[PDB]
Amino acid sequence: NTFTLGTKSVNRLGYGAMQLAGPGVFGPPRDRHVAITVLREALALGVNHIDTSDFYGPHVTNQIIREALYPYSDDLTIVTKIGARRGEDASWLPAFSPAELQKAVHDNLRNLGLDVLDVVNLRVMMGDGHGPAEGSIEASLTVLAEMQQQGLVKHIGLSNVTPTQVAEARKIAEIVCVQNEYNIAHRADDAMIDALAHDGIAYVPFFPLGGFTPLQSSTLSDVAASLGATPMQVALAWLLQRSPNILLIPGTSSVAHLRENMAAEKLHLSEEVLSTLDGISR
């Protein structure tokens, strides 16, 4: 169904561009023709929310979006994330100095062929681990808030953040979305989701199917099979019903998977089925 991200209405089934790049999201995709076809099919299928980044295989994924879809319809929101850069070892490195953040916003503009960015996520990276960790994001966000004032960024969002950091952030600028690790398993952000929901702020789970145990995965496949659905389709359908402020950005290099992802909007999840799925993380 739909949600208002910033000032643009988006279809809650969106498209994550992360697969349109070589392995490790690094360098060119296997087949740029297929990349182009997938983006175009996505819009044809009703996608109007595309999630991307200029540190995806750096620069290449943005340029493919541009080749494939420019000039973009009024309908399309392109969300990009800054705050990291790509080492030449394909590592993901913190890049949140004022110069780096400005450079990141600048590359996005040139590679997407835009004058202004609809939504820009600050991808927070506190500490040595690979998820949300506490630490002030004010310095980084302030730099973003200024590019918003200079008219280069329309709306500001957050990726990989604690509830505290979200609170901090909202004192500095308006936050239209939070993009975190979350799915049927990993539900630590449950309360934040509902809280954000109350304030009309979107929540954007990274990966519908990341990190399931054999048994968790096995329970999902059971459920999917009974419904004649794919586990990814059940994963997505569950995410959609879980909360009205949730926006999905599943990524794929494949038209078939794009098609079956989009079909998830039709997948009806019974209350009985919901009982089984709600118990997977417990």
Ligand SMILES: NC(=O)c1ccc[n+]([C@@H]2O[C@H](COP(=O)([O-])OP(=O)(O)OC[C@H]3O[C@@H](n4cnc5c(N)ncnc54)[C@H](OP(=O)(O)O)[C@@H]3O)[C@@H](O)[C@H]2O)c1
Contents of the next structure:
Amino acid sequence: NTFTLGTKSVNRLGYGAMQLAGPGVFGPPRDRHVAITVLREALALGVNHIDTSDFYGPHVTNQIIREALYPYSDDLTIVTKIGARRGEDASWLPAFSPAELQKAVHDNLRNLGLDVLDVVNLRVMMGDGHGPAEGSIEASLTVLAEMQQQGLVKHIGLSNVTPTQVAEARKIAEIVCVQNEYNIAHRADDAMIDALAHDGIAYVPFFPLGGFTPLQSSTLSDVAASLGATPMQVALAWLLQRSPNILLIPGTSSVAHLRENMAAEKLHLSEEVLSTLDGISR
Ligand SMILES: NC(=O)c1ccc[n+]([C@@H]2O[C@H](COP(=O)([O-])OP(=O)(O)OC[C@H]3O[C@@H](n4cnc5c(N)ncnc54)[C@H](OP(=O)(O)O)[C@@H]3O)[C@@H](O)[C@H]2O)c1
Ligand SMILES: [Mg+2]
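I've shown you the form deposited without the ligand. Could you give me the structure of the form solved in complex with the ligand?
Every component of the complex follows; first up is the chain already shown.
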């Protein structure tokens, strides 16, 4: 169904735009035409939330969204993210000096052809690992805060953050969404999802099917089979019923998968099936 993200209601089945680019989200996509077709069909299918970034393929993913969908329905929310830059070797690097965050915000503005960004995710990176790690984010957020006052950005969100960081952030500005790694097999954020929900802040999982062990994978497959669904559909449907503040942004460069992902809304998970799925992580 729906969720109010900032001041705009969004269909909880949205679209991640990260597959509309070359391998490693770098360079142009396989086929620009199919990318355009996928975006247009998504809208036609009821998508009104698109997740993107200007460091996808540097810039080209945003330009495709523009070529395909400008001028945008005013029902449409485009969410983008800043905080990283791309090496010319496809590498992802820290990019959170005021100059870089300001340039990133304007890059988005130009490539999407917008006058203001709906939602900007600040994407955190601490330590030498990849995921959530402790450290103050005040400096970056203050910069995003100022561009909000200037009217370049309506709403601020967070990406790849620990519960403490969210807590530090929410004293500097309003946070409308948190975007973290989370799926059936990786449920460390469970507590935060419920707490966010109670404050009306959305939570946005990525890797819906990522990093499953064979046993984890075969269980999901078993469940799909018995339901006449695909594993992807089961994964999305589980996310949908897990909490009402959860927004899905599955990415795909294929129209068939798009329609299939969107069909996941029709799938209804019995208690016995949820029992099996909740045990995948345990
Ligand atoms: N903020 C961050 O730190 C960050 C990091 C990662 C992702 N994200 C966002 O989150 C979104 C989701 O990305 P993700 O990393 O969670 O992974 P994902 O986009 O859900 O997975 C992408 C892969 O799944 C395949 N796929 C999609 N639907 C399928 C289906 N129905 N059947 C079989 N395969 C299917 C795609 O292949 P096909 O193209 O051939 O269908 C593609 O190879 C992204 O679009 C991006 O915007 C953000
Ligand atoms: Mg993706």
